[PDB]
Amino acid sequence: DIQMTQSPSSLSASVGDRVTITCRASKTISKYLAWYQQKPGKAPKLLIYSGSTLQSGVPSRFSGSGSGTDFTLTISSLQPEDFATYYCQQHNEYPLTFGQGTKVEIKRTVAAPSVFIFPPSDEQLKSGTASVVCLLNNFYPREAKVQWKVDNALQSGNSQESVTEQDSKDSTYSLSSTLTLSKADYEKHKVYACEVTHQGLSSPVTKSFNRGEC
Amino acid sequence: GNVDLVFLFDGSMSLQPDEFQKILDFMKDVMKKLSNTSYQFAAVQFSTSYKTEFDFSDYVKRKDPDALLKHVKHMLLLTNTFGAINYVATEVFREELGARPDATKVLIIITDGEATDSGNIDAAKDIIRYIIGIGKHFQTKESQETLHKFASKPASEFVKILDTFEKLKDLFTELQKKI
Amino acid sequence: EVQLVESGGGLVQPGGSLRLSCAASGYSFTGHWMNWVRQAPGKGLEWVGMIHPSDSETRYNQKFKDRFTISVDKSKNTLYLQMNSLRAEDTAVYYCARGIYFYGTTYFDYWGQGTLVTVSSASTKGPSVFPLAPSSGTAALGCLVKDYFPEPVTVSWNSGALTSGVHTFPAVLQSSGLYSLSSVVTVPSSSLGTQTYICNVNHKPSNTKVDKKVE
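Residue numbers (the entry's author numbering), protein chains in the order written: chain L, 1 to 214; chain I, 128 to 306; chain H, 1 to 136, 142 to 220.
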């Protein structure tokens with residue numbers, strides 16, 4: 001079989017930069033290499049085939065080059081819409097083998113997270129569990145700290161985060177943390193806080209609420 | 128009574144995978160109509176060299192134009208229309224490949240560009256020859272007139288120059304109200 | 001338009017079977033080779049095999065030829081993938097993709113939307129939807150989709166009449182072996198108290214549709 005090796009595994013570039021993704025072949029495949037763009041949750045999208053042929057509909061800012069073992073996808077003038085893992089594929093022999101993909105992420109200006117906090121619902125309490133949700137909305141870079149505090153007791157190991165994939169337009173990230181407790185535990189304490197550290201914030205930001213109030 | 132028809136279709140580097148695809152679909156729609164009938168077919172791709180994609184005894188076994196043409200690949204080379212017609216005259220119209228000696232010889236040539244070679248097609252003189260030139264290369268009378276030496280006489284009836292590949296659909300319906 | 005819509009994915013036990021479907025439209029289904037490609041969560045793409053609908057000629061990856069069977073139904077314009085003796089590593093998104101045969105071997109120009117197949121020896125658990133009510142000028146609100154198995158869940162707002170400022174976060178896995186995700190929307194802060202917000206939660210493996218009005 002033919003091992004397709006992509007370079008690099010991931011990257012970050014600012015809008016309007018030259019992105020050069022290289023795909024290399026186990027052994028010669030003439031000019032028959034194809035590039036795919038896969039967006040989050042969506043199916044891969046054909047960009048290039050036969051090494052350098054642009055598909056109909058794909059912007060000419062996408063360019064394939066190469067013959068034999070060494071191939072290069074060059075996204076010239078990167079765009080915010082251009083966030084989406086790129087896969088290469090050989091179409092010279094069977095079986096058809098893909099690369100492993102390169103995440104292309106977008107550098108932009110530092111953006112401060114907006115912080116929102118959600119007490120548990122009374123509906124969920126009727127069931128023996130309390131979920132407190134902290135929301136960090138539209139920020140950059142992706143990297144942020146969330147500290148869960150219950151009456152100034154740090155909560156570690158009983159929270160779970162999620163980060164949204166880059167905004168295809170705007171260019172930011174969003175994060176959602178869920179602190180989960182028993183009803184008993186929840187109704188035993190008053191101050192529920194979410195301490196957020198981010199590069200965009202001058203100093204940590206806290207958003208809290210008092211139980212039996214909210 | 129019965130006729131042996133060969134599709135001699137262009138596969139040069141000037142065709143776009145969509146335009147190549149439309150020609151392939153055209154040849155099928157024709158076969159599909161001329162089925163349950165005393166016709167049998169063969170299809171040859173031409174560019175720099177020439178390849179029988181399926182012959183007559185392939186057709187009379189398979190019958191399905193879709194299954195018969197599924198292995199076709201785009202040649203993406205030149206347009207040697209002279210060497211192509213000679214190849215169909217000497218290599219394809221043989222009973223080795225399933226051709227009938229009583230059947231009349233018909234040739235449908237489909238191209239989107241002028242011949243990249245020279246010579247004559249004297250070998251194919253007893254073959255009825257239709258030629259279909261497709262758009263933007265035959266957008267001038269001079270170029271359209273180059274296809275006349277390939278077709279049967281008179282050109283008035285054996286040459287069709289189409290404006291666009293989307294017009295291969297139009298042409299098919301023409302032949303449906305025809306006898 | 002060329003359309004490839006897939007169905008049949010869901011939860012399946014180890015050693016169990018499953019047949020996926022790919023409904024093809026907007027082109028001559030018998031004129032192009034059809035392909036199956038799969039993608040394990042957070043990983044790459046794998047070619048399974050191809051089929052030509054005309055006569056159902058096939059070519060497989062040998063990695064898949066034993067337990068995977070590709071077939072067709074020209075009458076329904078539908079492509080199938082039959083999976084057998086399944087195991088944990090078979091958990092993947094399975095795409096049907098229309099191929100071009102013209103150049104080299106085959107590449108894919110039109111893809112299906114995909115379908116998740118989860119191979120696990122657990123039970124289908126439908127979710128609960130709890131309102132993430134807005135604060136006591143920009144307000145956030147949402148729905149917490151909790152304790153479900155397996156994936157995925159779809160979440161929309163106002164039947165689709167609202168996409169601006171919506172964030173459906175990736176599902177996270179928890180100790181219980183169940184999933185839980187939140188979906189939030191930012192709205193005008195003065196619109197609350199007069200404007201209606203309803204999240205539409207759908208969990209097809211468990212046949213659970215829930216319309217949840219927030220506030």
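Bear in mind the hints are in silico, worked out from the structure with no lab data behind them. A couple of the hints might just be wrong.
As the list claims (entries may be wrong) - Not the full set, but computed from the structure, chain H residues with beta-carbon under 10 Å of chain I: (1) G31; (2) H32; (3) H52; (4) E57; (5) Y60; (6) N61; (7) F64; (8) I100; (9) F102; (10) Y103; (11) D109.
Here a beta-carbon is modelled for each residue, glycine too, at the ideal position from N, C-alpha and C.
Checklist entry - Which numbered hints are broken by the structure, listed smallest first? => result 5, 6 and 7
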